[PDB]
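Visitor: Residues per chain, in single letters:
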Amino acid sequence: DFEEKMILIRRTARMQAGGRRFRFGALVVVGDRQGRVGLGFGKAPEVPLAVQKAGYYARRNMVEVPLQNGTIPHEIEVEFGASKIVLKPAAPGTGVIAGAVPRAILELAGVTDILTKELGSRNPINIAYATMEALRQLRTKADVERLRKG
Amino acid sequence: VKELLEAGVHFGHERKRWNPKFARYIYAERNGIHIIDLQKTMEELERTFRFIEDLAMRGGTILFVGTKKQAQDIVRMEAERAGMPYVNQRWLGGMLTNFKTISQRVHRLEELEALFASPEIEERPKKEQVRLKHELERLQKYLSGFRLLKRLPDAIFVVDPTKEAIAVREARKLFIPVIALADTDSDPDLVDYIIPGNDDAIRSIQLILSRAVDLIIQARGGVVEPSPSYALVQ
Amino acid sequence: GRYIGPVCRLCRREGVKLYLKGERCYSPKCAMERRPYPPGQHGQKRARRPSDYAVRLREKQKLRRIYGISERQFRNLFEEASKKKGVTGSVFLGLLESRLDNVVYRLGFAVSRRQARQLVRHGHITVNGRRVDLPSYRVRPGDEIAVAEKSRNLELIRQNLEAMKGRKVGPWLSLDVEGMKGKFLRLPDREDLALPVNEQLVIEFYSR
Amino acid sequence: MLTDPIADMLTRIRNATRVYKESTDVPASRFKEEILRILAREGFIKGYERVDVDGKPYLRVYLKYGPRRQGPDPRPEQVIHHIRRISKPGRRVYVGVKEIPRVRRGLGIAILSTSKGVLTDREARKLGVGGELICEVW
RNA sequence: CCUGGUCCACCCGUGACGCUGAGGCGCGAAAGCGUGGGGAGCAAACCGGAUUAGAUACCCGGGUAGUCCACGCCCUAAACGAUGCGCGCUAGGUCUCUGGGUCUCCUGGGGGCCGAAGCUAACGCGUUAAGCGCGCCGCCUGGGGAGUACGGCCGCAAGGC
RNA sequence: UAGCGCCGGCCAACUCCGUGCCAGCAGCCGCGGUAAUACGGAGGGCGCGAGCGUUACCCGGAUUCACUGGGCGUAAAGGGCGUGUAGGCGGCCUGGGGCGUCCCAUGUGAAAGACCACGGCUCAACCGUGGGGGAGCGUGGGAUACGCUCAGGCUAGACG
Ligand SMILES: [Mg+2]
Ligand SMILES: [Mg+2]
Ligand SMILES: [Mg+2]
Ligand SMILES: [Mg+2]
Ligand SMILES: [Mg+2]
Ligand SMILES: [Mg+2]
Ligand SMILES: [Mg+2]
Ligand SMILES: [Mg+2]
Ligand SMILES: [Mg+2]
Ligand SMILES: [Mg+2]
Ligand SMILES: [Mg+2]
Ligand SMILES: [Mg+2]
Ligand SMILES: [Mg+2]
Ligand SMILES: [Mg+2]
Ligand SMILES: [Mg+2]
Ligand SMILES: [Mg+2]
Ligand SMILES: [Mg+2]
Ligand SMILES: [Mg+2]
Ligand SMILES: [Mg+2]
Ligand SMILES: [Mg+2]
Ligand SMILES: [Mg+2]
Ligand SMILES: [Mg+2]
Ligand SMILES: [Mg+2]
Ligand SMILES: [Mg+2]
Ligand SMILES: [Mg+2]
Ligand SMILES: [Mg+2]
Ligand SMILES: [Mg+2]
Ligand SMILES: [Mg+2]
Ligand SMILES: [Mg+2]
Ligand SMILES: [Mg+2]
Ligand SMILES: [Mg+2]
Ligand SMILES: [Mg+2]
Ligand SMILES: [Mg+2]
Ligand SMILES: [Mg+2]
Ligand SMILES: [Mg+2]
Ligand SMILES: [Mg+2]
Ligand SMILES: [Mg+2]
Ligand SMILES: [Mg+2]
Ligand SMILES: [Mg+2]
Ligand SMILES: [Mg+2]
Ligand SMILES: [Mg+2]
Ligand SMILES: [Mg+2]
Ligand SMILES: [Mg+2]
Ligand SMILES: [Mg+2]
Ligand SMILES: [Mg+2]
Ligand SMILES: [Mg+2]
Ligand SMILES: [Mg+2]
Ligand SMILES: [Mg+2]
Ligand SMILES: [Mg+2]
Ligand SMILES: [Mg+2]
Ligand SMILES: [Mg+2]
Ligand SMILES: [Mg+2]
Ligand SMILES: [Mg+2]
Ligand SMILES: [Mg+2]
Ligand SMILES: [Mg+2]
Ligand SMILES: [Mg+2]
Ligand SMILES: [Zn+2]
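Residue numbers (the deposited numbering), protein chains in the order written: chain E, 5 to 154; chain B, 7 to 240; chain D, 2 to 209; chain H, 1 to 138.
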């Protein structure tokens with residue numbers, strides 16, 4: 005059903021009289037490679053607990069990606085903080101031309117041919133968030149049609 | 007299920023410091039205080055109540071929230087005067103949003119209703135005997151109405167969205183329809199079914215909240231006569 | 002040169018059966034057959050999660066290590082495939098499937114691809130009549146891959162084209178066992194091939 | 001004095017929609033009117049009419065939005081998610097029919113002004129002309 | 001007394017006469033410079049007392065330039081809102097200064113604070129924008145070397161650009 | 001005939017011994033002061049193969065001079081302020097011109113190269129033939145929404 009991908013895991017530290025106190029951050033992608041993708045970022049005392057928490061959170065955050073012959077209905081450029089993502093539609097045979105973060109998402113989203121580009125802050129966390137916002141914003145001829153029918 | 011000249015209260019409420027959004031529902035300001043346009047109060051009732059009956063005559067569970075100490079009694083009654091649960095005292099963080107958790111409190115309250123009526127009542131010195139005394143006490147004060155909910159309500163009937171803002175926000179988040187009696191100092195856009203009118207003055211809080219339970223009953227066919235809250239209206 | 006050396010070791014590193022010996026790779030001995038862990042003093046220790054990079058690298062190797070082509074030629078072919086029309090991944094595979102040494106393999110004139118290659122460089126093969134000793138020679142569609150009479154009487158050719166009797170062959174091909182000749186009918190359609198390779202990943206190893 | 005009146009209108013519209021106004025006025029001009037004519041036909045606005053504010057000619061631009069949404073922030077989606085001025089005084093932008101751009105794989109439009117009049121990229125392409133790429137809208 | 005700017009009302013006159021602005025010219029706190037004058041108090045330098053391990057300081061007693069006026073020069077600064085100017089557009093609340101009105105309030109110009117949408121790395125900004133846009137100028141392009149060297153222009157000099 | 005580079009991360013490939021902030025490595029981050037996957041060696045491994053590394057240099061990644069495609073409160077960045085020259089920019093309506101702009105046709109745009117197809121050398125590199133595109137500019141004809149210019153008009157900017 006849903007395939008999970010781990011974007012990254014960081015160790016993060018905090019301070020107390022005595023020393024440092026770690027936590028673990030986990031960014032996890034989940035999708036059915038059939039138009040549904042979810043992002044999840046969970047943290048916990050230990051990695052596993054974190055990951056699991058991430059996965060659990062991903063499923064809580066789903067996006068309905070309007071796949072088309074394997075690509076996206078058009079181009080969007082989304083800015084999440086200092087990270088900017090650029091998604092450009094492509095023909096078949098192209099493949100998923102993207103950095104690891106946007107890829108993992110696009111792939112589990114069902115996207116198969118797409119032109120991508122990371123601009124601004126390359127921060128994986130905000131890039132991944134930038135992506136979901138991009139996809140989430142994709143519209144369709146029918147969608148526009150609906151909106152401008154009035 | 008009617009009445010138009012209900013100017014017996016409502017309208018004109020909350021000094022000038024409003025919320026421009028609620029401006030659509032305002033008639034005018036006289037000697038300070040915005041006066042809610044009743045013609046519209048009506049219009050909204052019609053639509054809101056519809057949503058109510060429809061979801062009422064379908065076995066819909068509705069949670070009533072009215073902490074405003076002002077109309078803090080006119081709520082539990084009409085609530086109890088229907089299956090409907092209620093939050094009378096204070097709204098807690100997670101009622102709906104952390105429901106699976108806060109439910110453990112209820113699945114603990116009825117858990118004490120037990121002990122406080124068995125052979126174990128006389129156990130452990132007052133030490134562990136008094137800890138569990140207060141244990142109940144409070145629960146029964148906060149979870150008196152939240153007792154009934156066994157799953158997120160199909161809707162929420164808030165009396166003052168602004169006051170009961172945390173609640174509304176949780177409905178919203180969980181796509182739980184939000185019905186609410188609101189006025190001049192609130193963000194209508196957050197109320198799915200608005201009952202624009204006096205958010206204060208028990209008289210007005212009664213007239214509406216009351217009739218709402220009427221239509222709830224009438225819809226559930228079990229037709230009933232007047233309500234016993236008209237007493238606290240003094 | 003083209004590798005030359007411990008081969009059922011590549012099989013092991015790639016963790017899958019690569020047929021670089023034809024026979025024996027079917028017997029209870031291809032090593033992949035009982036001893037599946039990669040070669041070297043470390044092959045049995047628990048493996049660490051491979052980097053996306055590692056995957057494509059290994060994936061490209063798997064595919065290339067199959068046809069015995071050099072990174073050089075492999076790369077050039079892929080580039081040609083990219084520039085060409087049609088879904089590159091597909092086109093790439095077909096282009097590889099068009100190498101003469103390979104056809105000589107598909108047709109069975111030889112057990113393995115390496116053996117096949119030698120049969121080409123040694124002139125035992127013919128294309129439309131004239132002999133061709135270029136393992137990398139690209140076969141067009143309609144060409145007649147064959148054995149040169151002067152070679153039809155060699156013990157190896159015999160055992161080989163014999164074992165081919167009754168044995169069926171790729172749908173994009175055709176074989177006349179007695180005439181020791183076959184035909185390259187069509188560029189194999191991707192679906193016709195059943196290689197243990199996800200070529201999409203290869204296209205990606207070369208995009209980086 | 002307005003510096004770029006078309007840009008003004010483009011912005012007045014942009015702004016007004018972000019706060020979901022019913023309508024919004026803009027000082028009138030044939031040219032602005034002509035663009036509106038397109039915004040309307042393409043269905044980005046419920047349309048527009050000429051009003052006379054405080055004695056002077058304006059153009060009520062009736063805006064259009066999607067429907068109330070679920071969860072928090074029920075504000076409707078925008079019909080006009082984007083509207084950018086392109087050619088501008090001090091960097092005029094022209095294009096040949098061969099250079100007319102395609103806004104969002106067709107899901108959007110580009111309004112250019114041509115000697116055959118103010119057209120969309122579709123219309124322009126049809127009449128086979130090009131011109132000053134006025135703005136982008138989607 | 002002489003003189004600049006500016007705000008409101010009336011809607012009276014002109015009829016796009018507008019915005020910005022490289023260079024130019026003018027102004028530009030303090031200290032400093034030149035000539036003359038002035039000099040109560042203060043006070044670089046300096047002369048001493050004390051403190052201290054020392055005390056070329058902080059504390060105390062003195063004290064010159066200077067601080068003041070005139071005329072000329074210098075042109076710098078955390079010269080700050082560390083936020084160039086103009087215009088249009090985008091919830092409100094509250095305090096305040098100044099004007100007009102039908103004056104328990106409406107309307108205009110200014111000063112504050114909170115805050116819609118939105119913006120922002122965040123802090124924050126938010127009709128006095130750091131929002132949404134157009135016009136023009138100025139300026140940045142990792143740190144140290146260095147605001148130095150050289151050259152040029154300016155200045156009596158110190159130095160400035 | 002088989003060799004060369006590499007195996008701490010970036011970056012594909014790991015263990016023993018030696019050494020002991022030494023000797024040494026090093027593209028960046030860094031590694032060595034007695035357990036070093038980072039030093040030297042060895043076994044083993046990855047990569048490529050008549051090559052493989054190194055050094056230098058150009059473009060890339062670098063939207064890191066940002067036209068596409070950046071910025072300036074506190075990160076580097078608003079000129080100390082004004083006045084104002086050149087210059088850049090310019091409210092609403094009408095008409096003339098048609099300079100910018102757009103359109104059609106035509107000339108030009110050598111060959112080679114690049115791209116596509118087919119063909120010759122057993123293949124390929126290499127080469128042959130044929131095909132297609134092409135900005136810019138010249139010429140002729142045309143359009144007039146926007147910019148421009150000329151003429152008239154207006155009052156919402158500005159000034160009085
Ligand atoms: Mg880090
Ligand atoms: Mg940014
Ligand atoms: Mg990435
Ligand atoms: Mg960066
Ligand atoms: Mg291709
Ligand atoms: Mg452009
Ligand atoms: Mg007048
Ligand atoms: Mg006149
Ligand atoms: Mg000026
Ligand atoms: Mg001065
Ligand atoms: Mg002075
Ligand atoms: Mg003096
Ligand atoms: Mg003197
Ligand atoms: Mg003194
Ligand atoms: Mg002393
Ligand atoms: Mg002293
Ligand atoms: Mg300036
Ligand atoms: Mg105020
Ligand atoms: Mg007054
Ligand atoms: Mg004010
Ligand atoms: Mg004021
Ligand atoms: Mg906000
Ligand atoms: Mg901005
Ligand atoms: Mg924060
Ligand atoms: Mg604020
Ligand atoms: Mg430097
Ligand atoms: Mg340097
Ligand atoms: Mg200096
Ligand atoms: Mg001099
Ligand atoms: Mg590795
Ligand atoms: Mg080491
Ligand atoms: Mg050791
Ligand atoms: Mg190393
Ligand atoms: Mg070593
Ligand atoms: Mg070679
Ligand atoms: Mg470079
Ligand atoms: Mg560049
Ligand atoms: Mg650089
Ligand atoms: Mg730019
Ligand atoms: Mg920058
Ligand atoms: Mg600083
Ligand atoms: Mg700074
Ligand atoms: Mg300033
Ligand atoms: Mg400065
Ligand atoms: Mg001028
Ligand atoms: Mg004009
Ligand atoms: Mg004309
Ligand atoms: Mg004209
Ligand atoms: Mg012309
Ligand atoms: Mg031409
Ligand atoms: Mg040529
Ligand atoms: Mg040939
Ligand atoms: Mg040629
Ligand atoms: Mg011509
Ligand atoms: Mg004409
Ligand atoms: Mg005129
Ligand atoms: Zn094998």
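Read the hints as simulated data drawn from the structure, not as lab findings.
It is possible that some hints are incorrect.
[Stated by the list, open to error] To give a feel for the contact side, a few chain D residues facing chain E, derived at Cβ under 10 angstroms:
no., residue
1, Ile67
2, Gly87
3, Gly90
4, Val198
5, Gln201
6, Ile204
7, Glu205
[Said to hold, decoys possible] Pairwise CB distance ranges, derived in the manner of DEER restraints:
no., chain 1, residue 1, chain 2, residue 2, range
8, E, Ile13, H, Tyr94, 29 to 39 angstroms
9, H, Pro89, E, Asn65, 20 to 30 angstroms
10, E, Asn65, B, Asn37, 31 to 41 angstroms
C-beta atoms are modelled at their ideal positions from N, C-alpha and C, and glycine is treated no differently.
Visitor: All hints, please: hold or fail.
Guide: Results of checking the hints against the structure:
1. Hint status for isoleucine 67/D: violated, given a least beta-carbon distance of 21 angstroms to chain E, over 10 angstroms.
2. Because the beta carbon of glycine 87/D sits about 7 angstroms from the nearest beta carbon in chain E, less than 10 angstroms, this interface hint is met.
3. For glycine 90/D, the suggested interface contact is upheld, since its CB lies about 7 angstroms from the closest CB of chain E, less than 10 angstroms.
4. Interface hint at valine 198/D: violated, since its Cβ lies 15 angstroms from the closest Cβ of chain E, which is beyond the 10 angstroms cut-off.
5. Evaluation of the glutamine 201/D hint against chain E yields a held restraint, the C-beta minimum of about 6 angstroms falling below 10 angstroms.
6. The restraint placing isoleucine 204/D at the interface with chain E holds, with a minimum CB-CB distance near 5 angstroms, inside the 10 angstroms limit.
7. The criterion of a C-beta within 10 angstroms of any C-beta in chain E is met by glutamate 205/D, whose closest approach is roughly 6 angstroms, and the hint holds.
8. Taken as a hint, the range 29 to 39 angstroms is violated for the pair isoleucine 13/E and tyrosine 94/H, whose Cβ atoms sit roughly 52 angstroms apart.
9. The hinted range of 20 to 30 angstroms is not satisfied by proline 89/H and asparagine 65/E, whose Cβ atoms lie roughly 45 angstroms apart.
10. In this structure, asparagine 65/E and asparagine 37/B break the distance hint of 31 to 41 angstroms, their C-beta atoms being roughly 51 angstroms apart.
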